[PDB]
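Can you read through this structure? Questions will come right after.
Only a single protein chain was left out; the remaining protein chains are all shown in position.
Read from first to last, the chains carry the letters A, B and C; within each, the first residue is number 1.
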Amino acid sequence: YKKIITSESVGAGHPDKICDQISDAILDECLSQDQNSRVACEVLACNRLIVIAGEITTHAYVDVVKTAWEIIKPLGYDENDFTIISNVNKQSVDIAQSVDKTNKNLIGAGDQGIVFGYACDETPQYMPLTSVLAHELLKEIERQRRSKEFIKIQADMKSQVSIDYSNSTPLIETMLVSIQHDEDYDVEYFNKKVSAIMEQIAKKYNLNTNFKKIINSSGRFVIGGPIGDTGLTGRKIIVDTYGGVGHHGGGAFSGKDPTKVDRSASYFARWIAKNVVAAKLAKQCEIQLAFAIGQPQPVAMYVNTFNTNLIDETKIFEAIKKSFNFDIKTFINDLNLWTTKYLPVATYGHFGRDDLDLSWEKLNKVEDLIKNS
Amino acid sequence: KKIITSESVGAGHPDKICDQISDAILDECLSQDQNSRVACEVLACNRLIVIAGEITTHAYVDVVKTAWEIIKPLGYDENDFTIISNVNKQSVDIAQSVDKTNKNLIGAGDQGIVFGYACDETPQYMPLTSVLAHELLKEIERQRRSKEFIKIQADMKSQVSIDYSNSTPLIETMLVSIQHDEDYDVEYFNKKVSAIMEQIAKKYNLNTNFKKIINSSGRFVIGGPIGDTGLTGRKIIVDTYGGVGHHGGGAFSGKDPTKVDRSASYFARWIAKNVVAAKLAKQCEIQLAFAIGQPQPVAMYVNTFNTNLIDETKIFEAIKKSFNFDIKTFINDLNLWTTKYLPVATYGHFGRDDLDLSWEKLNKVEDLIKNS
Amino acid sequence: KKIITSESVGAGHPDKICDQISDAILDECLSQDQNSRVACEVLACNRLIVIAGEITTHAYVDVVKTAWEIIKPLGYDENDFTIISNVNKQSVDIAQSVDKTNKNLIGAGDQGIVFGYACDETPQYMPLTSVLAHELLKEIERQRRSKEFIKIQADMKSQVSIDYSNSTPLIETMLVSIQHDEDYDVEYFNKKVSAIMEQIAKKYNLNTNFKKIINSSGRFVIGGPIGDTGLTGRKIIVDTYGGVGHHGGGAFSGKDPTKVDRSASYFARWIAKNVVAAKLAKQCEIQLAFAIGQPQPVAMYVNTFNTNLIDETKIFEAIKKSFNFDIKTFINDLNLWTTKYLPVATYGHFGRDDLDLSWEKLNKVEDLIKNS
Partner (left out) sequence: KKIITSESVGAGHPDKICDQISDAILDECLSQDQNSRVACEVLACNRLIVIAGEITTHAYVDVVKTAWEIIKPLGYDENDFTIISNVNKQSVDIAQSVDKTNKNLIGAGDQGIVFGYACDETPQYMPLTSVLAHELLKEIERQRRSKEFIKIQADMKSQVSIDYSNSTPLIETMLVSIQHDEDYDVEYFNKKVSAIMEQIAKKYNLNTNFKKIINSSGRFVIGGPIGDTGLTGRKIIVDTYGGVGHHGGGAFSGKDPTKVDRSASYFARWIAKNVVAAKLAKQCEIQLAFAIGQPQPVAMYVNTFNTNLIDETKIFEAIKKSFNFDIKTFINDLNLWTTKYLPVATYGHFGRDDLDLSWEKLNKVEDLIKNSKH
């Protein structure tokens, strides 16, 4: 009765991720010029067409076409490949009055919804091992593509990693990869390259190297990008988060300014959860926050430590409440979300990014949590 | 307090419009051609509806007429939206992998992970938070169309928080935001919603003393895609188990059954639901993983959350002997080529006692019982 | 030498595709609703076809299906173009002006100036340069469809220069550019075109020693909207009199008859053509001007170029007594609500001995003669 858990990732060239990138590149340009921007940018990319839509109210001007090209050119496309449509509508004044309170010391929630923060002790990143390996696999392939160490491949790619959790020590069951390749590729070269990368990633995490490898199970993958499959913003929300190990309330991240609690509260919840595990109050922690549009604080909260709590759950809940300010305006500012760049997190997950220096990944609340328990 | 919260969205919500259109298109295709390959994605923003995705079909679907079928009942007309149709054709590199030469097997439409889930909390075998969230909006929409509830528009959301600290659940909070006319009467509006909140609570034998949050924005006249952009597959948690179950990431609407994101999810719900109805567990969650072109799942995990009535090993073993995991086989077993998907593009795909879905049938309890 | 030149373009030319689609749309509207107001403009550029304009109608036209009717014969398929449909309704401020309270009169759809023209040079009563330019491309397209001329595509142009120094006209130059396949045979292609050039010259009893310019680019494989953008109403001189006659500016395709740019131009051609057929002149040009909402022309000018057989005053006077200048009346006299316009969206709107156009009928010669 093996216990096999599986998570996936997608590359920079994947059509859903292109949209996520463009949406966050646009957000970045807005916030860079106007830190009171309201931005809710959604992008569609389908065979020859990229539609840039959403609601924005901003003093900035963003050259939407130039921005799309910044993301698309490194993947291998040129200025004649896509028709670009710009349908940028302003934020609804009925929404704005509710978020931007008369009392300028409070920001009301950008929308209702539910978010989940999650953390665990399985990796240095405090993330499920399946997610971390899935992302690392694709990062390493993309890096080798750009360095030209791995040739005759294109940017569109997916990974799936199954891990065996039956014992105290995890075993990799299966590593799967689909990468878009050139017509004139060499399968032997391609297969040896991927395998070497699969083993290197396993060795780097001190794992077994005897796992089953599924390399390009379709048998052929030359048609790819938005030509092969349509892309949309926010259609990789589980890849963006915790790889199906954690729960998810439904909200997407990319293209959203921090007033959209779907994004800021999720980073806040990860911040809490991650620090809770780093403080060794639990092996795993999941935090659920719910919001109501226009209300400055969460409407409901739940902490779940999965029965891995080292101290009484009551004292964990109580430490969290005394160590964190749950006012939306306050946690936005505490996490420096108005000045953070989001493009780097539009690829390879928003969480456990030891390659980045994200505000919500900092273990700068362990002392307060410890002390308050 | 242990407070768990789920949400729902109405027929007029912009994400749900796109989901409706995507599934209305699928329906037309499959109705004409049951070997259609369909992966329709829709965007709706301000004055624009883009209909895109990959389709290979012998059918012809009048994409504009279809968009209107969905949009007219919400109150829009033929001059409100520019319609763009960008239908691409399924990639031949994908098709060769899915359609094996001998039609004996179908390979998986894509890699990924799906989750089925079921529990004993409701007659629908669904989390109470989800069920209440959906029922709330169904009842508002029904009253809107009957004209019992006036001066409201179709765009709406709900959020239901339930207290699970005790053996008997309590409703903590019911929240509703509904789009209203400029000349609405707030008193009328607030009394109407409250009555509906209590009726939904009474119908599930629940407490009636819960906090009510009604239009916390204070104004909600601009709505629809004018207020907020919509896209297909951006309501995947509302579509499924309201954040109580896990999710592997795949959306449902606009996809033919070769896309295992949809078919395997319905299959997993079918399994999980029958497991709970057979009383082998109070809750069950099944995770299946796929590889593109492979006819069976690549991995499987059953989790009963320590609510198993018999040995977990025997539950896993009963599932394996009671269900055929071949993709082509479970598609046919669930009648997915002939099922209509538009009715599930609103108000969740699971626990629909208002519908007659193949994957909601408790027709596998006997086989599961017998095989343990 | 007096060398006069006119051009034509083929069914596959991008401007003409738009003209075809615009008139195919009009046709569908009028076929269902003869009180349709239609002003359909179309753009076709590399992978995109935008269908726009103002329409008020009880009809429904499947704009995508219609675009395909026009594009399929040229060799395109259902995946070649993104279709955008942006059909806006007719302005109510315009409508009140055109549709008078008094239902006996229709006001002019817009201001502007139109020109009718006719001459005695051809059986069609059209300039010889125009007729030859159009015949050339018709014959190439017919041979393409019959498969007598292979390895060519539908996009093509012609230009015909004629020498008018003497009493008998001489062809100076015939020019043709046709889009060809990559693997075409130039020798075959050149012999084919030449034979067609000579056949067209022989059919009009003309010299056969003219210079031939065949595909002066040297290569013409990229064509259609991929090579060059197309728009409705960008072929107005090819549509009319090949630069021999004047033009006031208004385009024809996509317009219902309330748009005087179209109906008054056909009416002016009708007058002019009958004047020449009555032998009151060898050439005749009629200029009518309109004001929006006014049921009759605001100004009028007849020019017979000093080829008048009787006094000009008596020619003007015969015209006035032989024709009703009320807009509603000449629309009905010419049967414009029930005429099909797609056939005239290619190969000119005038002198179409291949068609049976109301405005080409010599049914006013007796009245003109009698009234002088």
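In this section, a residue touches a chain if its C-beta (ideal position, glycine included) is under 8 Å from a C-beta of that chain, and two chains touch if they have at least 3 such contacts.
J.: Of A:27, A:45, A:71 or A:84, which residue touches the hidden chain?
T.: A:84
J.: Looking at C:31, C:32, C:35 or C:96, which residue reaches the missing chain?
T.: Of all options in C:31, C:32, C:35 or C:96, contact with the hidden chain holds for C:96.
J.: Tell me which of C:144, C:157, C:192 or C:273 is the one touching the absent chain.
T.: C:157
J.: Among C:237, C:310, C:355 or C:369, single out the residue that touches the unshown chain.
T.: Considering the complete complex, C:237 is the one touching the chain left out.
J.: Of C:150, C:289, C:355 or C:362, which sits in contact with the chain we cannot see?
T.: C:289
J.: Please give every residue of chain C in contact with the chain that is not shown.
T.: 2-7, 39, 41, 43, 45-48, 50, 52-54, 84, 86, 88, 91-94, 96-97, 111-113, 115, 157, 159, 161, 172-173, 175, 177, 213, 216-222, 226-229, 231-238, 243-249, 251, 287, 289, 291-294, 298-301
J.: Kindly note down the residues of chain B that lie in touch with the hidden chain.
T.: 46-48, 82
J.: Contacts of chain A with the missing chain: which residues?
T.: Those residues of chain A that touch the unshown chain are 61, 63-66, 79-80, 83-90.
As a convention for this text, only the chains that are shown with their structure count from here on.
J.: Taking the mean of the C-alpha atoms as each chain's centre, how many Å separate chain B from chain C?
T.: 55
J.: If you average the Cα atoms of chain A and of chain B to get two centres, how far apart are those centres in Å?
T.: 23
J.: On a C-alpha centroid basis, what's the spacing between chain A and chain C, in Å?
T.: Centre-to-centre distance between chain A and chain C: 58 Å.
J.: Where does chain A touch two or more other chains at once, residue-wise?
T.: 48-49
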